[PDB]
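Guided by the hints, dock chains H, E, P, U, W, L and G onto chain B, whose structure is given.
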Amino acid sequence: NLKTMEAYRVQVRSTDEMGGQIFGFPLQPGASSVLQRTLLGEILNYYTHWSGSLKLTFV
Amino acid sequence: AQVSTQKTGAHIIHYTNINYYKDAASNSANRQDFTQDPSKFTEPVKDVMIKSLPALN
Amino acid sequence: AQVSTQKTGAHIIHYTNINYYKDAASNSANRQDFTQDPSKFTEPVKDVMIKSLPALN
Amino acid sequence: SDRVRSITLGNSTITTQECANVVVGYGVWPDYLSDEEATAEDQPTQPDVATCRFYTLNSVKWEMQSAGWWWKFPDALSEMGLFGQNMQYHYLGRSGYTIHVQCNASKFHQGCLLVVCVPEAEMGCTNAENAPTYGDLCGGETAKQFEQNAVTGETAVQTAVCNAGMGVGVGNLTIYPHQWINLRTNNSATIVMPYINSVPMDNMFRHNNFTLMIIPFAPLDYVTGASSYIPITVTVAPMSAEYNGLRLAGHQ
Amino acid sequence: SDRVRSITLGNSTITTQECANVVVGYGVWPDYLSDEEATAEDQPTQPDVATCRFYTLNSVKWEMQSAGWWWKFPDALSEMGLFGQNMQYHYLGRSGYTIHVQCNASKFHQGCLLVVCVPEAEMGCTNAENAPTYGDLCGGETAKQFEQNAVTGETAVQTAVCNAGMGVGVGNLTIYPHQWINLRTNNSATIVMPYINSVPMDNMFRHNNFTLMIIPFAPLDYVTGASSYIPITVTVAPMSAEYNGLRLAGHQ
Amino acid sequence: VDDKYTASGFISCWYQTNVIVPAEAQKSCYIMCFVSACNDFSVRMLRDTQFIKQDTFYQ
Amino acid sequence: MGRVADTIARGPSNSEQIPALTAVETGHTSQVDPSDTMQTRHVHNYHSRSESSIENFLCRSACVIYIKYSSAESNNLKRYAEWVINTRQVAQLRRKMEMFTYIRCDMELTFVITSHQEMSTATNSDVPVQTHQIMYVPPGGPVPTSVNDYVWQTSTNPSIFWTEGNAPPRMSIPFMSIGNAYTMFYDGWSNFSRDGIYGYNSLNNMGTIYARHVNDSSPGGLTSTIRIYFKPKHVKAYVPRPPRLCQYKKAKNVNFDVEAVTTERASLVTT
Amino acid sequence: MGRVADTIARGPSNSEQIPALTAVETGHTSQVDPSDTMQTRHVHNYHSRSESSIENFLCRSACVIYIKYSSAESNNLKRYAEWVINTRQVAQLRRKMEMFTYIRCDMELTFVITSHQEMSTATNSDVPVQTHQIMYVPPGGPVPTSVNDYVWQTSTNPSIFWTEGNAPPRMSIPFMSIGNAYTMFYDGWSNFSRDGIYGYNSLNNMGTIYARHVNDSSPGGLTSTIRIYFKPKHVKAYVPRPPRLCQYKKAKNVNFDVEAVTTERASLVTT
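Read top to bottom, the protein sequences are chains B, H, E, P, U, W, L and G. Residues in the first sequence are numbered consecutively from 1, following my numbering. Residues in the second sequence are numbered consecutively from 1, following my numbering. Residues in the third sequence are numbered consecutively from 1, following my numbering. Residues in the fourth sequence are numbered consecutively from 1, following my numbering. Residues in the fifth sequence are numbered consecutively from 1, following my numbering. Residues in the sixth sequence are numbered consecutively from 1, following my numbering. Residues in the seventh sequence are numbered consecutively from 1, following my numbering. Residues in the eighth sequence are numbered consecutively from 1, following my numbering.
Heads up, some of the hints might be wrong.
What the simulated footprint calls covered on chain P by chain G, stretch by stretch (three residues with Cβ under 8 Å from a Cβ of chain G suffice, anywhere in the stretch; the number is not a length) [stated by the list, open to error]: (1) 44 to 58; (2) 117 to 127; (3) 163 to 171; (4) 181 to 189.
Simulated pairs of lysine to any residue, SDA-like, Cα-Cα distance not exceeding 20 Å [as the list claims (entries may be wrong)]: (5) B:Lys55 with L:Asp257; (6) H:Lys51 with L:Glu55; (7) L:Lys236 with L:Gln39; (8) H:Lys51 with L:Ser13; (9) W:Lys4 with B:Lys3; (10) E:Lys51 with G:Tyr229; (11) W:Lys4 with L:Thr271; (12) G:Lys236 with G:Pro174; (13) L:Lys78 with L:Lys236; (14) B:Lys3 with L:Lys249; (15) U:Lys144 with U:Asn208; (16) G:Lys78 with G:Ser13; (17) H:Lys51 with W:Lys53; (18) B:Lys55 with W:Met32; (19) L:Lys231 with L:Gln39; (20) P:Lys107 with P:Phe217; (21) L:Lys249 with G:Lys231; (22) E:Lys7 with G:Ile54; (23) G:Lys249 with P:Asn130; (24) U:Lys144 with U:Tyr134; (25) G:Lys231 with G:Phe111; (26) U:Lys61 with U:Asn208; (27) E:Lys22 with H:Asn27; (28) H:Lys7 with E:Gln6; (29) W:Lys27 with U:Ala218; (30) G:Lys252 with P:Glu154; (31) E:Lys7 with E:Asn27; (32) W:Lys53 with L:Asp257.
Computed beta-carbon distance windows for the label pairs [claimed, not checked]: (33) L:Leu21 with E:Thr35: 50 to 60 Å; (34) U:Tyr229 with G:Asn180: 46 to 56 Å; (35) P:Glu129 with G:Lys236: 53 to 63 Å.
Since the hints were derived computationally from the structure, they do not count as laboratory data. All residues carry an ideal CB built from backbone N, CA and C; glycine is no exception.
If we strip away everything but chain B, and leave its shape as in the complex, we get:
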C-alpha cells in the first residue's frame, strides 16, 4: 500500500459480530512508522526533543 493511495485510508465495514480493533499503533511521532513522514514527523526529525499535546482528527 506504500506506493498507492491505499496507504492513507483504513477500511471500516459492517460486521456480523461486533468487529475488533480497526487499527492501533504505538504513539511516538518521528520514530513511529505511521507518523514519521507526515508534517508532525518531518518537522520533528529536525529536532531531538518534543513536548505538548497533539491531536488526531478522524474523518
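Just chains H, E, P, U, W, L and G now, with coordinates in the frame of chain B:
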C-alpha cells in the same frame, strides 16, 4: 551600544552588542524574535468558526 | 558592566565583568557565593534540641 | 517527658514510651506537589487516608550473628493495602514516608542498630560482569539480609557490611537521615522521609526512591536464660501520596 | 439544536446527535451526603474522578423475538474498574448514576423500547414456595433476559413481560424514571438516577438500589437485506460516589 | 527517536457499535486520520534529518 | 517573547457545546485543547518555541560544495576551481530551503581550505605556506582560463586572500536578487514559447566562484580543496511546502523516482 | 560572605547545664563549641570557607577520556574517534560526582588535541598543519561510518573545527537533561519488568562525540589523540553521599570488590 536580554533558563542577564560595520547585512543574526501567527495556515477560513459550535450548521 | 569585589586577604579591590554572550550558560562560574545552611544534615530533628539541656528528658 | 510520642495517620496509630525525637530527612516535611513544579497535565487522585496509614512489614529475628537487613521502597508496599493497588493502576506516583523501626529489649540486653534511609542505593553484584537480578534486590515485605563476609554468587548482590552493599564505608552512612536504636536508651526510631527524586513524580514499580537499612553496629548480647528471640519490626506509613496517569491493571 | 448533548464524567465522555433530553429521576440531581443526614462517624473516602466515569456493560442483541433485559445495580459494576474495587473494601457506599442506553438503527428500521429504572425491583419466582437463587437475578455485566411467555423452573425467576417479573402491569412502569428509545426519533436515552434508599448509605453487595429494564414495546422489524444485528449497549457512570467503613477485601 | 525510557503510549480504535448502512449503499467505508500539534507543543535542539541521503554531489 | 499556551482546568461538563466534533471539510483545522476532551488541571507552562523560529532553523552553517584544484594538475583538477553558485549540490541545505517557496536572506560565506601533498617523484621537498585566492565573478564578467591571466587582477570583483594556518575566512553577502525574494521553485520556462530550460534553474544565475593558489608552483605540488559554507541570516521565508519524500537525482531538476510513503508494518494493529 | 564562627570566652562553670552530654540516638549531632568543655578566650577568626563551596570543589577541569584516531589506520585506530558521552571512564572526575546523588551544572568542554607521526616507510615526509573536526551527535541522529560521508556535513549538529598550534578549543554546554538534575545513581531498571540494564546506565543517553582529520591522508600518516575535559559551572548539587571506598570495576555498574575499611594498626594503643 545596544543592551539586550539573554536567553535565560525559566525559574546579570544582559549582553551588549555594538555594530561595527556600515552595512546592515553584516549584523549578527536575529534570534530573539519569537513572533508567530499560526492562524492563516491553521484557520484560513473566511467566516470565523467558533470552537464550541458545530462547524456545519 | 558589573563591578564586584575580589577575593581579598583578611587584614583597589574591585573587578569589572561584562557578559558578552546571549546565553547565561556562557557566563563565568560563580565562586563568590559562600552561603551555607548546615542545620539539615547536622540537626535534622523535628523538635529543637537545646544544647545546654539533656537530649533525652 | 520527651520519651513519649504518638503518630496518627489515617486510621492507624503508633505510640512509643522510649523514643528519641523524629528525624525529618533533610528538614523537609512531605507535602503535595505544587503547580509550579508540576509536569503532568491531568488531575492527580489523592486518596489521602486510604493510603496514608501505617503498614507493617514482616518482622526479622535479630540473632547475635546478624549482619543487617534492607528493604527497598516502594517495592515493599507493593502488596500492602490500597497503596499497592494504586501503584498498579497509575504510571506515576510520589509519596513521602514515616518509617518507624521498633525493637524493644530488656534492660539486661545490649546491642545497637543504625537505622538509615539511603536515597538511590544502587547495589553491587558479586560478578563484576553482571548486574543483579530482581529477586536478589527485593523480597517485598520480607527483608533481604546482609552477610558478614564477602559472598560469591553470580547474579547475587555483593553483601558485605563494611561496604554496605554499595562500595562505600559503612560507618559513613550518616549523612543520610538516620537514628540509632540503642537498647539502653530508646527502642524506636522514626525517620520522616520526604519525596526525593530528580523528577516530580516517577513510576513506582520501575524505580526505587530509597532503601532502608538496619545494620547492627554492636551485636545483640545477653546472659543466657534471658529472652533469646527479639524481633525488629518495621512499620512505614506513606505521607501525602498522590498518583496520576491512570491506566489498566498490571506492571508488565 | 436540542438533539445534541455531551456528558463528561471523569476521563470518559459520551456524545449523541439524536437525543431526547435527560430525565433526572424524581428531579433530584445526585450529590454527596450532608452532615445533617449522616449516621456513620468516620471520614468517607470520595474517589471522585476515579470511580465517576462511564463504564460499558456487555451489549445484547436485539432480535425480533426479544422480550427484554434487565441489569441489577450496583451488581453490574462489581467487576468494573475501581468502582468495583471500592465495594470490596467498604461496608457502605452510596452513589447516583447516569445510565445511558444507546442503540442506533437506520431510518428503514422500526421498533420501540422502554428504558426504565425501577428502584427496589423485587423479582418473583416460578415456584411459589421458593425465592430465586442469586445467579438467576444477576449476571453481572451480562443482562438476564425476560421471556415472552411464562416460564416454569424451580428457583428460576418468573419472567414474563406482561408482569415485568414483579407481578405489576408492564405498561404501568412509567412512574419510575424512563425514556423511550424509538428508532424514528432518538437513538439514546439518558436517565440520571439519584441515590434512592431509606437509609443514608447501604452495603453495595447485599442490596440492589434499582434495576434497569429495557423492554421492547414494538418489535424490531425491517425489510430483509438490511442489517440483521442491531445491539443495545448500556453505559452507566456513577455520580458522587462515596464509600465509608473500610475493612478487608471480599464480600464473604 | 524511539527510546524505551520515554515511551509515549499507544493509540487504538475500536467499534463502539457497528457501521449500519441500508441495503442500497456500500458496506465498506473508510476512516482517515489526520495529525496536528496543539498550541502547547514545542521542540528543542536541532539535528539533521535522516530521511535524505546522497553518495556524491548532484550534477 | 514566545511561549506555549497554558493548560487551563475544567471540571466535568454535560452541555450542548461540542468542541470535539468538527468538520474537516474546510481548511480550518480543529483548535481543540486537551482541556476540551478531559478535565485537566492548571499547568503554568514555561516552554518556549525559541528554537523553532526560521532564524534558528536555517541559521546554522552548512556545506554546499567542495572544489579541488592543484598546483601541478594531479589528475584532472586543473589549476583553478570554478563552480557556478547554487544551493542544489547537497541534500542537506537544499532540503531545508525546499521547505519554503521563497526565502530572502543575507548569507555568510565561510570557506574552509585545506591542502595535502600529492604523490610525486620530487625529493627534498619543502614548500612555504600557501596563499589561496577566492574570487567571485558576478554573472556576465570575464572568466579566467588559466592560473595566471588578467582576470585575477580583481579590479572590481570581490576577492579574499587567505594564508593557511589562520582562521577560516568569512564575509557577508547581502540579499542580492532581481526578485523581492529568492525563488526555490519556478513553474515557468526560460522562453515565452515554453521551450528551453524548465524549473528553478531558469532563474538561477548567481555568478561563479573561482579559486587558485597564489603561489607559483613548487616542485612537489599540492592539491588544495575548498569547502564553501552558507549560513542564512535575517531570514523571512514565505509560503511553506511539504518537505521532500524522495531522493534527488539532479541539481537542476526535481525529477525524482517514485518512492514509498512510509516504512512497512506487519498489520493494522501492532504493539 | 562566609566566615567561620568566632570562639567566645567563658570562665569556669559549675552549673546544672551540661552541653557535653548528648544522646546520639537521634540524627542530631552535637553542636558543642570548644567553649563548652574548656574556658577558651575570645579569638576573632577570619578563616573563610571559600574553597569548600560546591562551585570551587567541582569547578576545576578534569580529563574524562582520550580517543585515538589515525590518518592511515596505525593499528586498529580507524580514521575517526567515536565515544558515547559519560563521566564514568575516569576515577577522578567520577568520584567527585558520585559524592552527590544529583547535580545540575553547565559544562565547559575543552579539547586538547595533539598528534605524533607514525612509524612508516614513507620518506621525504612533509605534512601541512592538521585541521581536526569534532562533531557532537545528540542521541538518535545519524552516525558516521567512514572518514568521508554525508554525516560530517554538520547540517545542524554542533561542530568545532580547529587547526593545530592554536589555543585548545572550548565551548559551553548548557544544562541539558530530561530531569531537573542529572542523576548519578538510579536504583531502577530500564524496563517495567525489572529486566534489562540496571543502574545509572539506564538513564545515561547523552549522545556521542566523533572526531576526524579534516585533511585528506598524507603519505606518512599521523595518529592524533583528543582529550576531553569537563569543567562544571553554576553547580547545585543535591543530596550528599559517602565517597567511594572501593576501586571501580566498570563504567556502567557500581559492582566493586570487598575492600578494607582502613589501613592496619599494630594495636589499639599506638603513639
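The hints, checked one at a time:
1. 44 to 58: violated (count 0)
2. 117 to 127: holds (count 8)
3. 163 to 171: Held - the region 163 to 171 of chain P has 7 residues with a Cβ nearer than 8 Å to chain G, which meets the minimum of three.
4. 181 to 189: With 4 residues closer than 8 Å to chain G, the region 181 to 189 of chain P meets the three-residue bar; holds.
5. B:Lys55 with L:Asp257: violated, 32 Å
6. H:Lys51 with L:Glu55: violated, 32 Å
7. L:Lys236 with L:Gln39: Roughly 39 Å separates the two Cα atoms, so the pair is violated.
8. H:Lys51 with L:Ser13: holds, 15 Å
9. W:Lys4 with B:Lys3: violated, 31 Å
10. E:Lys51 with G:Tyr229: With Cα atoms ~47 Å apart, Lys51 (chain E) and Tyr229 (chain G) exceed 20 Å; violated.
11. W:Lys4 with L:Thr271: holds, 13 Å
12. G:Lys236 with G:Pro174: Holds, at roughly 14 Å.
13. L:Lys78 with L:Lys236: Distance of about 39 Å is beyond 20 Å: violated.
14. B:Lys3 with L:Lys249: holds, 19 Å
15. U:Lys144 with U:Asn208: Roughly 15 Å separates the two Cα atoms, so the pair holds.
16. G:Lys78 with G:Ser13: violated, 77 Å
17. H:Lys51 with W:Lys53: Since the Cα atoms of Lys51 (chain H) and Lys53 (chain W) sit roughly 42 Å apart, the hinted pair is violated (cutoff 20 Å).
18. B:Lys55 with W:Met32: holds, 14 Å
19. L:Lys231 with L:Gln39: violated, 46 Å
20. P:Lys107 with P:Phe217: Holds, at about 18 Å.
21. L:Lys249 with G:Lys231: violated, 47 Å
22. E:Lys7 with G:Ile54: holds, 17 Å
23. G:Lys249 with P:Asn130: Given that 20 Å is the threshold and the Cα spacing comes to 11 Å, the pair holds.
24. U:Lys144 with U:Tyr134: Holds. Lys144 (chain U) to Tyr134 (chain U) sits at ~12 Å (cutoff 20 Å).
25. G:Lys231 with G:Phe111: Answer holds: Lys231 (chain G) to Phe111 (chain G) is near 11 Å, not above 20 Å.
26. U:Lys61 with U:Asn208: violated, 25 Å
27. E:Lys22 with H:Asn27: Since the Cα atoms of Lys22 (chain E) and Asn27 (chain H) sit roughly 15 Å apart, the hinted pair holds (cutoff 20 Å).
28. H:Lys7 with E:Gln6: violated, 27 Å
29. W:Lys27 with U:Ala218: violated, 27 Å
30. G:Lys252 with P:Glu154: Given pair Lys252 (chain G), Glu154 (chain P) holds - Cα atoms ~17 Å apart, limit 20 Å.
31. E:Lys7 with E:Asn27: Given pair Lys7 (chain E), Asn27 (chain E) holds - Cα atoms ~19 Å apart, limit 20 Å.
32. W:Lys53 with L:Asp257: Distance ~14 Å between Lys53 (chain W) and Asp257 (chain L) Cα, so the pair holds.
33. L:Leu21 with E:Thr35: 50 to 60 Å: The hinted range 50 to 60 Å holds for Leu21 (chain L) and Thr35 (chain E), with Cβ atoms some 57 Å apart.
34. U:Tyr229 with G:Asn180: 46 to 56 Å: For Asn180 (chain G) against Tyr229 (chain U), whose Cβ atoms are near 55 Å apart, the range 46 to 56 Å holds.
35. P:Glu129 with G:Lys236: 53 to 63 Å: violated, 35 Å
Of the numbered hints stated above, those contradicted by the structure are hints 1, 5, 6, 7, 9, 10, 13, 16, 17, 19, 21, 26, 28, 29 and 35, listed in ascending order.
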